[PDB]
Every structure is written in C-alpha cells, then in structure tokens.
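With the hints as constraints, model all of the structure from the sequences given.
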Amino acid sequence: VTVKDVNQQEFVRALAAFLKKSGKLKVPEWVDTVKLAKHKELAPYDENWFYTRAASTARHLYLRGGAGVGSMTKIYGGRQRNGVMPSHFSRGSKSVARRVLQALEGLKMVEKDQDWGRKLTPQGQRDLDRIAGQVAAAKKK
Amino acid sequence: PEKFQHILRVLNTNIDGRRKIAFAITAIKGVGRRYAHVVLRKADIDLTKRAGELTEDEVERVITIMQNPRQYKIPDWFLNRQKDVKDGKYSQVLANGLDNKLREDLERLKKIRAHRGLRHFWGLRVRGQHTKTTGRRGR
Amino acid sequence: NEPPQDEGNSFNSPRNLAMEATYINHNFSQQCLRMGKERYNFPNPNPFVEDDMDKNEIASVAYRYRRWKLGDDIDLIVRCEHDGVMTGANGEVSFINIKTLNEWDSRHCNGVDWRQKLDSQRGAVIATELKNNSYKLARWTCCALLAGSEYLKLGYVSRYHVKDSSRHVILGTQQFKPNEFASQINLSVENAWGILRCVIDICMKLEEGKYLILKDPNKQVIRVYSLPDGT
Amino acid sequence: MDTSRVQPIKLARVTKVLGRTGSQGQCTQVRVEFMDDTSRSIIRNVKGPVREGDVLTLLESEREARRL
Amino acid sequence: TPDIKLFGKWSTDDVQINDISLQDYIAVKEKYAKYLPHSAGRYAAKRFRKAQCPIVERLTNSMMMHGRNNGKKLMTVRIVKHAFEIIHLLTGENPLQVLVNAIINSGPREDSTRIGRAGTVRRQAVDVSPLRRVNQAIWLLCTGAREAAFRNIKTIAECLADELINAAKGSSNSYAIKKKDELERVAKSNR
Amino acid sequence: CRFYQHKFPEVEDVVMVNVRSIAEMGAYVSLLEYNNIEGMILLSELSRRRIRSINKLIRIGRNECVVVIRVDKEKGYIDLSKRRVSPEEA
Amino acid sequence: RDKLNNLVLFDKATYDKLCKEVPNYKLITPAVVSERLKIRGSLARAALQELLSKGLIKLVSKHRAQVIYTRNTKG
RNA sequence: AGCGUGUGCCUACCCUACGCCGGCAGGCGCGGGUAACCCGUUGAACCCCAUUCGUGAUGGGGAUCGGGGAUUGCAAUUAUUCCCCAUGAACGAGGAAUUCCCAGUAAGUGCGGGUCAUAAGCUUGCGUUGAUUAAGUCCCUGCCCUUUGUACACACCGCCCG
RNA sequence: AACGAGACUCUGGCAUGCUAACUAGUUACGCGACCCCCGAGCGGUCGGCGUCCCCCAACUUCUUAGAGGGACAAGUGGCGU
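Protein chains in written order, with the authors' numbering: chain V, 4 to 144; chain U, 6 to 144; chain D, 296 to 526; chain d, 1 to 68; chain H, 14 to 204; chain A, 6 to 95; chain n, 41 to 115.
Incorrect hints may have been included.
[Unchecked claim] Some but not every residue of chain n turned toward chain U, in silico, with C-beta under 8 Å:
hint, residue
1, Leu44
2, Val48
3, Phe50
4, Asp51
[Unchecked claim] Far from chain A, some chain H residues (derived; all Cβ distances over 10 Å):
hint, residue
5, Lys22
6, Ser52
7, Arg91
8, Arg164
In short, the hints are calculated from the structure, not lab data.
Backbone N, C-alpha and C define an ideal beta-carbon position, used for all residues, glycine too.
So this is what it looks like as structure tokens:
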C-alpha cells in the first residue's frame, strides 16, 4: 500500500522500532543533554527520541518535494512561552536535524538530489511502502 | 509493595521519599529540574520511580556524579559557574556553599564600591528597572 | 365554550362535522399502511366476513378478546383491537392504534390554525383539543390503553378549503407512547374500573331484560332504566 | 394549625399577548385560558419571552395582575 | 435507524417529554436527531429560531464558559461523549431520558423580579415562560460540574454525570435542585 | 453537632445564626442554634426603614438573632426573618 | 486549600481491598480510587492497568485525559 | 490559513532558500528575487492524538537575583537586544465602585504592517476556533420634538436670603 | 425653493452566463520513469499513490479581473383611512 492509506500515529511507532533493530542510524554523542528546541523548557522524557524523529523525517520527504535543514526545523517548531511577555512562535534546533539527515544519507535512504534539497532514494521509498502494509497486517485496516 | 523507607536526609537539605527521584532532588539549591534529568542518566538509573526506592549504594554514586561533572562528561556550559572570577575554573556549587559564594560577590562589589554594591546596600533594584511605580512595602 | 348550534343543513353542524370526522378517521388508518406489502396474519382469520373475500378490501384490524376481573367474581370478556403494526428492529415490531384529528375552521370555535403554529406551538395545538374535544382525546387514549399499544399515532388533517367539507389534506403525523402520554394528559384508569364496577352494582341484582343506560341530552347524569322488553 | 394545605399544580395556556410592562419592559401582560375551562380567563404577568399558544405552569390562580 | 440518525450509538426513539407544558421547546427526535451536535452557525437571527436547535447541542454550548474555555467547542464534545457513557454504566437507562428529567426537574415554577417603589427594594412574584425554564435549567446544572472540578481530582465528565443523576431524581445534592427551590421559597414570601 | 433539644426549629421561635455568606436576595446563613443546617433570610424582612450602608448592618462572622418564619419539615428549608426581633429576645 | 492524605505505594489493607472492591463497584476510574481509599491517584492509574491484564476489569473507553473501566461486563 | 512586505531606496542599506560548523544565540560558503516569476504549494498558533505529573503555593506562577556565552554600533556602565545554567517571590479569584459588547459578533489564539543601526507588553490591519443572552423599555444616564412656568441670558456650575 | 437626511462612492454576499490567461490552474492522454501487490490478475495490464515528463493537446469549473445581469416591499396572506 501507499503510506497515505494508514494512520500516521501508528506509522512512526513501528518505523522507529524497525530502524533500531537493524543497527541503523549512527547517533550523535549529545542526546542526553539536549533541550531539543529553543522554545522548550525541558529535555524529552523519551530516551530514544532520535529514532522517533528520523521516522517523521523520512515520511515528510515521501509527501513533499524535499527540502533542507532549515525547512525541517520550521515543520517541527512550535510556541514559545516567554513568561510575562506574550507567547510567539519560533524555530527549534538545527544541529540535531543536520545529524539526522546525514545519518539517513549514510544508509542511502536519502540523497542530495537536484533542486535545493535532499530527496528519498528509491530503496528508501521501497522500505516505507513495505512496512506500510505491515501496519495493516498487524491490527487490521 | 516496597515499604522499605521514605523520608531521608542527604547533604544540607532533607529530601522526601514521597516524590519522584528527579523532582525530589531539585529542593537542594544549585540543582534545578533541568540539571537533575541529566545527572540521573549519567548515573544510568530509573527516574520512573520514587526517591524512597533508591538504595544507599545508588545515592552514594549520585553525589559523586554531581560534584565532579566535568570528569563524568557533562559539558562546561551546562554548569552554574564558568570561571567564577578570581578562582580560575569552572565550578558547580551546591546548597550551603552557594550562599557563601553569593555573599562574597556582594561584598566584592562594595569593596571596589561600584554602582552595583551601592544599589545593593541601599536596597534598590540592580538591573535597569524603574522604581517610580515599582515597590511599596509604604504609601 | 359553546359548541356549534348550526342545523343539519350546514357543514359546520354537530352532525356534518361528525360525518366529516368519522369519514376521514378510518380512511387515513389504511393510508398509513402498505396493503401491497406482507401482512402479519393470526391463525384465526376475521369472523365478521368470509375468507372468500379475496379483494383485501377489509380494514387492517385484528380483534383481541381479552380477560379482566373487577372483583365481586366478575369476568369481563371484551373485544379490543389495533389498527396497524409498524416495523421495529431486532425482530420486534410496534403495535399502533391510529386515529385522526380533523379540523373545519380555526376561528369559529376558538382554536389554533395548525398550519401556522404546529412546529412552534406543538403543545398548544394539543391543548386546544383538551378544551374542545377532551371527550374524544381520552376516548381514543382509553382504547389505546385497552389495547396495550406500543405507539399511539395521530394524523393532523384539516379542510383543504374551509367552505368545502369534502376536500382535506394531511399536514403531519406524530408518534407518542400511549402510557407516558397518559402520564402527560392526566388520565388514569384506576378511576375507570370503578365506573364500570358501579354500573354492574345495579344490573346484577336485577333480573334479565333490555335495560337502557344512556346519557341525558340536556343534563349531566346517566341512569339505568327498566323497560318493558322489546321496546 | 400546622403549615398549610395547598392546591395542586395548574396548567393554563396563552390565548393572546397584550403588551409589555414593568419599569424596564421586563414583565409582560398576557391573557391566558385556564385549559380546563374555556370561558374562564385571567390576566397574568409573565417574565420570560413568550409567543402565543404556549402553556405555563401556575401555582395558583388566586393571584391576578393589574398594572403594578 | 437507516432514515434517522442515532447519536453515534444512542437511540432518540424511546425518548419522551413527560410534560405537555414544556414540549415544543424540548424536542430531540422529530427529525432533529443527528449524529453529532453541531451547526453551520445558524442558531439565532429571530426569537423563534433559538428553540429549534437540539437540546443536546444547547447543553454543549452552555458548557464552555469563563474565559479559557471559550472557542473550544471540540474539546467540549469530548466531555459529553464520556457523560452519556458514564450515565449508562452507572445506572442503566436510555441516558437521554436522564437528561430530559434533569432539565424538567430543574426549571422553576415561579420566579421573582424587581419593582421600584419609594426608592427602596420591593419584589414582585411573576411566572416564567417554558423557554425561560429550559434556558435556566441548562444554565444551572452546567454551573455545578464547573464548580466541583475546580479543585477536585475528579474530572468534569464524572462531575457532570453525577449532577444529572441528582437532578433527574431530586435529592438536593446538586447545585441545580437546591437553587431552584431557593427561588420558589422567595416567590412564596413576596407575592 | 446539635446544640438544642429539638433537631429542627419550630414556627415563630427565636433562634441564633452565624452569617457565612451574603446573598443578593437576603442572606443564606448557617445555624449555631441548632445543627449546621441551612436557613435563608430575605432582604425585605430585615428592617422597616431605609438602608444606606449594607456591611454596617449584616456581615459575615456575626451572631444575629432572628425568628423562624416557616420551615419545610421534609425538605429542610428553614425560612428565616430578622424583622420581628426585640432586645429582650436577644 | 486543605490537607488530604495519600499513599504512593500500597500496604496490606489497601491492596487486599483492591481485589474485592472490583465486583462490588460497577464504575471504576482512578478518581474514584482517590476517595474510597487514600491513594495518590497516579498509583491508581497503573494499578488498573495491572488488573486489566488479569481480566478482573474491562476497558470500555479510553482517552488521553480520561479513562473508564468497568466491573467485568456481566449482567 | 490570510492581509501584507522585501536589496537596486537617504547617503549605505533588504527578504532569504540551499550547503557546512555549533547545545543555543550565532558564524561561514554559495544562489535567487524590480517581485501571481524568488523567499512562500507562506509545511503558524489555539485545536487534534499518545505518555508523565496528582489537589500539594505542587512540576501551578516566573517576579527577584548570581555567573557565563553571542549579535548591533563610533561607544552598551544606571545591566540596548538575544541565548545557557542557577536562584524561585507575590499570587489559591479578588472591597467600595466601574468599563465594553447583539452575529462569523463577544471571548480564546497566532500573524503582517507602522517606529527600527540593535528592540514591542503599544497602535493599526488580517486570518483561524467561535458561545450564552435580548428581539425590549424610559428606571437610571443622556438626547430630539411640542406644551407650560421663570426674579435666569456670564443662561441653575444659574440666581438669591438672614 | 435650497442645504443636511436619502441619493452617491468603496466593500461583502449570488453566476458551471459573457470576456482570456506557460508571471494562473484544471482535465486529458501521450507517456516513459519510481514505488508496493496493495485489490482482480502474476510482477504486466486494469485500479490506487505523488513527482519528473508534459504538448504543436483540450478546457477556464477552481485562481485571477474586466464588462454585464440579479432584490424592487416583487408575489401571496393579514393589517392600515
């Protein structure tokens, strides 16, 4: 199936687990000291947040035409509570997303293609739709 | 289950076994919530249970991982103090030493008698703030 | 307040309106219903006509003959009925007595024009006929409670043209549950069975004979007459 | 001797609306038919927005309205 | 059922209005049963137009109040789906008949108002519309659950389903049936 | 608990209350002359003269003498009044 | 404010009652465990997750912010 | 999701994609845009879905305050602005009084423009989510028209008595 | 008779009518390429998913902005001299 058919809350939670089994993703050392965005006030509860976020990275590339380190951050950014000052939007971290996308590219599930952005490899696109049916196999769509 | 112990004393502040581990530790000054969720993970223990469920062997390691943070590879920028000033090093300050350190810097800025110590001694706001409509104790 | 006192040559009279009303009330009982579709059949067919009536131009009706006791070793065995059954779900169905509320003119009897006021003042319309036809309302409800209907259906019908007592038009239908309806209209049958008791207190101690129980045409009182028989 | 014996809950319906009264227009004069007697009618003061033909719930019909 | 919507699971058949007074301003099943309570945003541009829209929707509207909850009608519908669910498990009924009793038992029979005489407060007893009763009864019980959950561990869903029970069977443990009787107790005095 | 021989007050008896809230329509008050049962005072029957201030009359945290005008025995509504009070009763 | 007592882990009487309160109560939410017993409330959340794995309770609805559980779904 | 805006202008200056380096602020290398053409298929917030906390001045609240890192400028001390760690106050629904509002309206929520070398808790516009209550009245406050009375016309805030 | 009110100007709401568009789209194939059998079938094809390919294709519903039309108390029932 196409990844469109299935729920997406389910998609990531099986795709994150998939990667961590296969020895995939060489992770940065900083992963236990990282706020993760400028608009947070705390570190994540999750201890495998890197695996989770790489799932959501590869999915969006399937849909849209692909874009760099800047655009990924804009997709993830949220609201910043400035305390006594009124809240405003802001963008999160960059150097995390710059490690994510290069780690994917090491596995050749993405690659720097033309028109100013990484795009997902046919090998990558194969692997997405492969586990997309595994979701329907599991529960029952 | 797990009836073994509850409220305890650690260095300089009494910490309850009632609360979760990270949030329990924050009561000690010089340690915020952000500082504790790091130090627990360097210690490689759960933060998903109560502070009364820690053993003596475990908490003995906690204070060591806390008070030598550079040697357990917590970055320098993540400390309270970087080059204190006139002491020459990166430092991490905890409960009763924090107050002692703090009182020194007040004394220093009246020693030289900068603008700072005068504002301190007069009991007026240090930073750029209006005091015309701010305060009252008086009226 | 003061009923129509018009003569029998007039449309709006007691007789012609009762003709009008009784003419329509059974016409719509069958218009509710699908005579070209399956009937539920009792093993006993109608005993008021033969089964050589193959037209199916009998009314939709079946006749319960039922048991009651009023005390004093009395055994009432009386005909009761339904007019239509409505498809439910889960193999169940809803028995219905159907009756029909006619109208002739709003403004000659201190009534409500239902066309203007059905949706907004749904309750006021039914309150009209607790002042103008309260006799007929509880009469119909008594029949529905005698039957033990699942839904009490009524039809709103009025004259198509208020000077033409022949042409009429359906305006709406509304299903009520007869027993919660009886809780609403302030009707109770505990009273009712002492009425029929009190009439049987007379006739039983009397001997056989054509005795007449009637209502006086100009006074509010009923009686039991002993007549020379065959009169 | 003790407390009181009171009449049961009555129901009476509008026949016509008359006009609004009170010192901010908050009260409404209305004519109502007793809903058991069709020649009986009382005038009332009713607070809420009313149309015509709707039914009220009177606790007594001893009370009667005038103007103030 | 295939020609008339339920509520997503709850029948609007076997639902009655047990007054003759307050029907034609309580309706829920004539054809007004729908899968969800929502509107396109027509609800009022005439005085009569208010009446038509469902009772279940009216309940959802008056549930979101006091600043932080305004303009969050979807969050509000979450509380209502749990309410009926809790009411059905807890007592076992068609859980709409609960609500209809709860509305009818909370509406006042007589009410007071003000009248100006001598520059001093005097009060006058007056009657109340059926449309007023419905509006008041929906207001009163929604204030109860809002009040209770302001420092309780209990969620608003739990509080609200409790409040419809004690209204549907009068017991004076609700904020509604209390406050109803307060008004009538005044209306007896000055009359 | 109850401070009095009967649990519920009668009709026309002198009692005492302690104000715990001030209402628009009068004063809703707790008893301390009986159980902590609720009793409602009404605005009309507090005085026979004008009233400028309002907190220089009735206010929270005051023992006030009053007369029980009516009681619903079954419901537990103790209607109350401060209109008929004499200093001798106080 | 006020002071209310709570317990973050079980002792004998709480735990033993917890197994026998189930058939006696039709509605079961973590909030109701807060009042009938003196229990934190977060303790009651995970306590009910345990019971569902035994099948001593039944799920009937679930959400992010509120969760309902029932006796055994029998009648 | 929408109204807009953008260097080639004032005298020295714009909006930013993409690549690389850094926890972050930020730095650095390249490219486009005179603009329904490039930024931007403006991949915004509330909302929605799943964990954690548990009635506790609590992890609610973020005032006060210590140390350190960046950016603008000729210069940042009485802290220009921004970021990181630590410190953790009042405040637990508010007296006498009083403001504003009738349908995509009130309220919640974000964004663009304006001032701008650096910088909105302001103002001006725009989208998004979206109720309750009324269909009235002259009671208060005030205004329009007629009639009436006046020692007033600097007009009742007027005028005037012992 | 004149000024103000109204009339007027702008804006919103109604067009599968009109006008015309690679600095705006849609549809249609031509497609070839990628993808998974995910459904009939076998993987092809038919169907589904977006992107590149798109034209000397077709069209202007959506988007854009111009010319026009449409609402007048017009029709019906009450009420008012």
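Verification of the supplied hints:
1. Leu44: Result: violated, 14 Å to nearest chain U Cβ.
2. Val48: At about 6 Å, which falls below the 8 Å cut-off, the nearest Cβ of chain U leaves the hint on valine 48 of chain n intact, so it holds.
3. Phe50: 6 Å, holds
4. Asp51: Holds, about 7 Å.
5. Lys22: 38 Å, holds
6. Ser52: 34 Å, holds
7. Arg91: 34 Å, holds
8. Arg164: The claim holds: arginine 164 of chain H sits with its nearest Cβ about 18 Å from chain A, beyond 10 Å.
Checked against the numbered hints above, the structure breaks only hint 1 and satisfies the rest.
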